[PDB]
Amino acid sequence: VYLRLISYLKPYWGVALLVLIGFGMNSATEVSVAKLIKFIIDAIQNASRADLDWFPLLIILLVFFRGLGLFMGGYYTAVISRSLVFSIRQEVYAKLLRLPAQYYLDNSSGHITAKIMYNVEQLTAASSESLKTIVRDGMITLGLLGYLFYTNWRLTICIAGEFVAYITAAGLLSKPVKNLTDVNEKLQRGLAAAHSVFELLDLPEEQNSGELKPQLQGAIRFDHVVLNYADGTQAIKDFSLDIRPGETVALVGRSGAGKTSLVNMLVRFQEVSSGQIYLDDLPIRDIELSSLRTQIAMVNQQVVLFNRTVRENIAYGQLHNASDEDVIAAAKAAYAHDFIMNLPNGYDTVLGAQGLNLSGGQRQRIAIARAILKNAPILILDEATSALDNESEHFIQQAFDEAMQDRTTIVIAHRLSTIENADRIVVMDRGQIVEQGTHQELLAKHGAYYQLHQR
Amino acid sequence: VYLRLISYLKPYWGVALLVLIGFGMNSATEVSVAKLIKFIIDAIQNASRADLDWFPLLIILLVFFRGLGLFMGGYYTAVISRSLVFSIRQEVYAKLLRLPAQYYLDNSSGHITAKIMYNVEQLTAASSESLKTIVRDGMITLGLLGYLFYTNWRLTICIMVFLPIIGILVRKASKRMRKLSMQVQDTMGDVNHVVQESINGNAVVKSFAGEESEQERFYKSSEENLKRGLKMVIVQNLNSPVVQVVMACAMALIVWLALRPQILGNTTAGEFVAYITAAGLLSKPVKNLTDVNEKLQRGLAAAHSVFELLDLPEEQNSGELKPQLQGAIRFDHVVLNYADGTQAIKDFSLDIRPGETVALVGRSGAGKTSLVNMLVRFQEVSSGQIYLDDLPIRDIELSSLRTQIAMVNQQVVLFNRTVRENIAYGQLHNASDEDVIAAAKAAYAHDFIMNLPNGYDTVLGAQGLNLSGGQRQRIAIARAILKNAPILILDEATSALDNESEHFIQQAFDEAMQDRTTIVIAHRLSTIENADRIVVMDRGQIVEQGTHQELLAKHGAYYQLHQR
Ligand SMILES: O=C(Nc1sc2c(c1C(=O)O)CCCC2)c1ccc(Cl)cc1
Ligand SMILES: O=C(Nc1sc2c(c1C(=O)O)CCCC2)c1ccc(Cl)cc1
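The listed protein sequences derive, respectively, from chains B and D. Going left to right, the first sequence walks through residues 7 to 165, 275 to 570 as full-length UniProt numbering numbers them. Per full-length UniProt numbering, the second sequence starts with residue 7, numbered consecutively.
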């Protein structure tokens, strides 16, 4: 699988010609050591005083050239290694963002952060070390073998100062050739990790089949929403979900319902392959992933706040449109300004300490404030998992109602009172909808009354 | 770090003496190379003819000794490094459990365990390479320098002048490298946290956001890390050449007056060549000895693993006793209040019978699962005494209390190594492989592991193997069975409702339920039906426990049974 690794280095053939020069000069020095040792024998035998006294300059020059070659070769191998690991890390992160997010369910965050970081370092370290040692090995072996073949010709039968030079140049093969038989160890160690990252380097991908920029419709119509849980069994049976613009409809489901799974289909998450979502001649890929994500803003019950400055969390989805007046209006709309402004100054709160500054209620209020400030054409409200009782429970409920009244919203039945206050209520049990129309008919039938009393 | 690391191979006194001899005899041969070339020069200069017979035998014997010494030394240092790393892994595995409730609860051990294992493996590689290099190169350098002293004692200016400057230069370089490694580690932590909080926050980034902002933030952090690393490796790859040049300059200087005219070393012409050669033999080993500085000091700096266990309090387990199989972990009038939050369980006196199946019925995220998991030091529980088997649980040691209890969690029990190491017990010698395999054969997960690759003949536990949630849950169940703990806690929500091995999983669970007491929280109707006795708790408090017939008779419990 190492073949594709060369493509990531193909940017760097301009600098890869310097490491060859460096290790070539290193090999030249490690061959010329034999030249020097042969030189001294003849100098002593013939008592050639001039070069004999000149010898220390030869030693210093040889070691300096060896050092320069090793320095530049090693540094440029390091540059290749670091730039390669940076490029691989950036590309794998870019792809890992796009993936359809079912990978996130079964694969925990710990495994992903272990992979994307340690695995790539292991791969690049093994590859760089193997390449460095194989280049050094090959070039020194070529130089020394040429030096041997220059004098004593053949050596296959076994397998004055000139004799000394030959035996030295033959002995020098010892450590390089020992590296030769050891490269495969590092290569296989790198192989053990390469498949883990390179397989994820493609690992399928989510795309924008519709490829339509315009998505300011505000109307959603879903027909026969049937999804099979990992192709083993249907999560929810067929149901018709037609939502008119502006109007808000409340959805109530029994135990085992898709709930967040059903809503996520409307947000281009876990797209329903078995479905008939067609509104105003728009297919399942109505506009695009980015367009459908921007036009519809959800309020997740999990409520996750990034460990960054409050400036970053205030305008995550609207970076250019970051306005102080808009942020103030959002803080007024949802009763969260007091919680943010109590501990820090407020303009730049800089949330930190692993979220210890703000409690869970303040975090939920901040999430609701961000959802309100999104002001998307369509919103999905889901707060069932949140605690019913809170210090600012009434304020949070009022903020949620104000956000729902802004545009079209389909509730996830966070509270029984909220569902009752909703004008339109639709109930689907086990994937089958038995309640429809005005809430007066449902109240008269009392079908949802028992569920509300139980919950 | 060195002081504590030394005490980890010190008890292995027997294996220590048998690794040094190989590198010592290697150094002896390497030194004898100079004596050999001294032999050759005077053999060629004079009319000696027996050299034609001496030389091949001497070369063959030297090669044989070098090969034998290197092989023996490498194998023995490999086994020593492996044993040391196994000891580190055993110590961290024992001490991973019971490090405060907040530390385990907040991080959920999903990333902490991975970070710890990564640090341990980095220390593994660094220690192995550094130890091999330091021992071999030190022995060869000391032996060769001893030869230098023996050959010409009066030549001592090489020790003088330059060598202290070389030493202080090396120390300064090491200090500067540590300074750069500090910033490298800082950027490492920053980018790690950015990536982790991006992973946990995919819902927000896809709901109302664009990936480009997060991509730019990650790009900035990664480029800063790149620049710091390039500066660090500038320092690294520049350290060795300059020290090589300065020491070689010192050697040339001492040779110059050692080769001064009208002395010529009394015109020996054989000893001087041997000395020059032996001095040249220093080049590569000393270069390796300088280069190992980076690896060793990077390992030391990354050795925060040796510090994580050094900082841990344990005061509750002051009973100085281990009840082992208590048989009943019960709490009377147990009420625990979270910090800056309402109490999850109030006026709860739940008790666990010996060997009786117990389950918790409640909504997702309710207090039932929290109360069930509260047995293993989930909360301080300062208010409200809890006594198990008519004795407070603080008497038992924290390690003993944790080990005696068993929990089912695929994420927590997931070793990033081969499946054989995945079911590794407390001790290597305590648990025989054959018995563990036979016991785990009841779980019927042996076929699932064997179908993908071969854990016995090849490394297992890859991404594909870990992606199977059912396989991971079955492996954890098998490990718990091999533990033979008195109390077992399991979650049926993680397990797939419908699967090919669902019937086998249900049969294995039914078989295991009779063996030992289970307080497993069951989210599946199959386990509820298999449960003879069920505990129903509302808002963290259980009014009473009734049988299946009693639950069916009561309308409120019948509705819950019909729902799930
Ligand atoms: O003669 C040998 N090796 C030499 S001679 C010399 C040097 C070396 C070396 O170890 O690189 C270093 C530079 C100065 C002169 C040798 C001969 C036979 C074997 Cl079976 C192994 C080694
Ligand atoms: O003595 C050293 N280097 C020499 S002197 C010499 C030679 C070499 C060599 O590079 O092998 C080759 C044969 C002729 C004379 C030396 C000593 C200490 C260090 Cl830290 C590094 C190098």
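A couple of the hints might just be wrong.
What the hints assert, rightly or not - Label-pair ranges, simulated between beta-carbon atoms: (1) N113/B - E230/D: 34 to 40 Å; (2) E230/D - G475/B: 30 to 36 Å; (3) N158/B - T464/D: 32 to 38 Å.
As the list claims (entries may be wrong) - Under the rule of at most 27 Å between Cα atoms (straight-line distance), these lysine-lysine pairs were calculated in the DSSO-like manner: (4) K293/D - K293/B; (5) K138/B - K301/D; (6) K101/D - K121/B; (7) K301/B - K293/D; (8) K290/D - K41/B; (9) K293/D - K41/B; (10) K293/B - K301/D.
Claimed, not checked - Stretches of chain B that chain D covers, calculated by requiring three or more beta carbons in the stretch to come under 8 Å of a beta carbon on chain D: (11) 40 to 47; (12) 68 to 80; (13) 85 to 99; (14) 138 to 147; (15) 543 to 554.
No wet-lab data here; the hints were simulated from the structure. Cβ coordinates follow ideal geometry from the N, Cα and C atoms, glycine included.
Do the hints match the structure? See the list:
1. Between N113/B and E230/D the CB atoms are about 28 Å apart, so this pair departs from the stated range of 34 to 40 Å.
2. Separated by about 33 Å at the C-beta atoms, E230/D and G475/B satisfy the suggested range of 30 to 36 Å.
3. Range check, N158/B to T464/D: Cβ separation about 46 Å, and the 32 to 38 Å hint is violated.
4. A threshold of 27 Å between alpha carbons decides the hint, and for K293/D with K293/B the separation of about 17 Å falls inside it, so the pair holds.
5. Under the criterion of a C-alpha separation no larger than 27 Å, the hint pairing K138/B with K301/D is consistent with the structure, at around 16 Å.
6. Proximity of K101/D to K121/B is assessed by CA-CA distance (about 25 Å); at most 27 Å being required, the pair is judged to hold.
7. Annotation: proposed proximity of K301/B to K293/D holds, straight-line Cα distance about 21 Å (limit 27 Å).
8. A hinted pair counts as satisfied when its Cα atoms are at most 27 Å apart, and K290/D with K41/B qualifies at roughly 17 Å.
9. At roughly 21 Å between alpha-carbon atoms, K293/D and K41/B fall within 27 Å of each other, so this suggested pair holds.
10. Of the pairs offered as hints, the one joining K293/B and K301/D holds, with about 21 Å between alpha carbons and a cut-off of 27 Å not exceeded.
11. Here the stretch 40 to 47 of chain B counts 3 residues with a CB under 8 Å from a CB of chain D, which clears the bar of 3, and the coverage holds.
12. Residues of the stretch 68 to 80 of chain B lying with their CB closer than 8 Å to a CB of chain D number 8, which satisfies the three-residue condition for coverage.
13. For the stretch 85 to 99 of chain B, the stated coverage by chain D is satisfied: 7 residues place a CB nearer than 8 Å to a CB of that chain, which reaches the threshold of 3.
14. Counting residues of the stretch 138 to 147 of chain B whose beta-carbon sits less than 8 Å from any beta-carbon of chain D gives 0, not enough to reach three: the coverage restraint is violated.
15. Counting residues of the stretch 543 to 554 of chain B whose C-beta lies closer than 8 Å to any C-beta of chain D gives 0; at least three are required, and the coverage claim is violated.
This entry does not satisfy hints 1, 3, 14, 15, going by the numbered hints stated previously.
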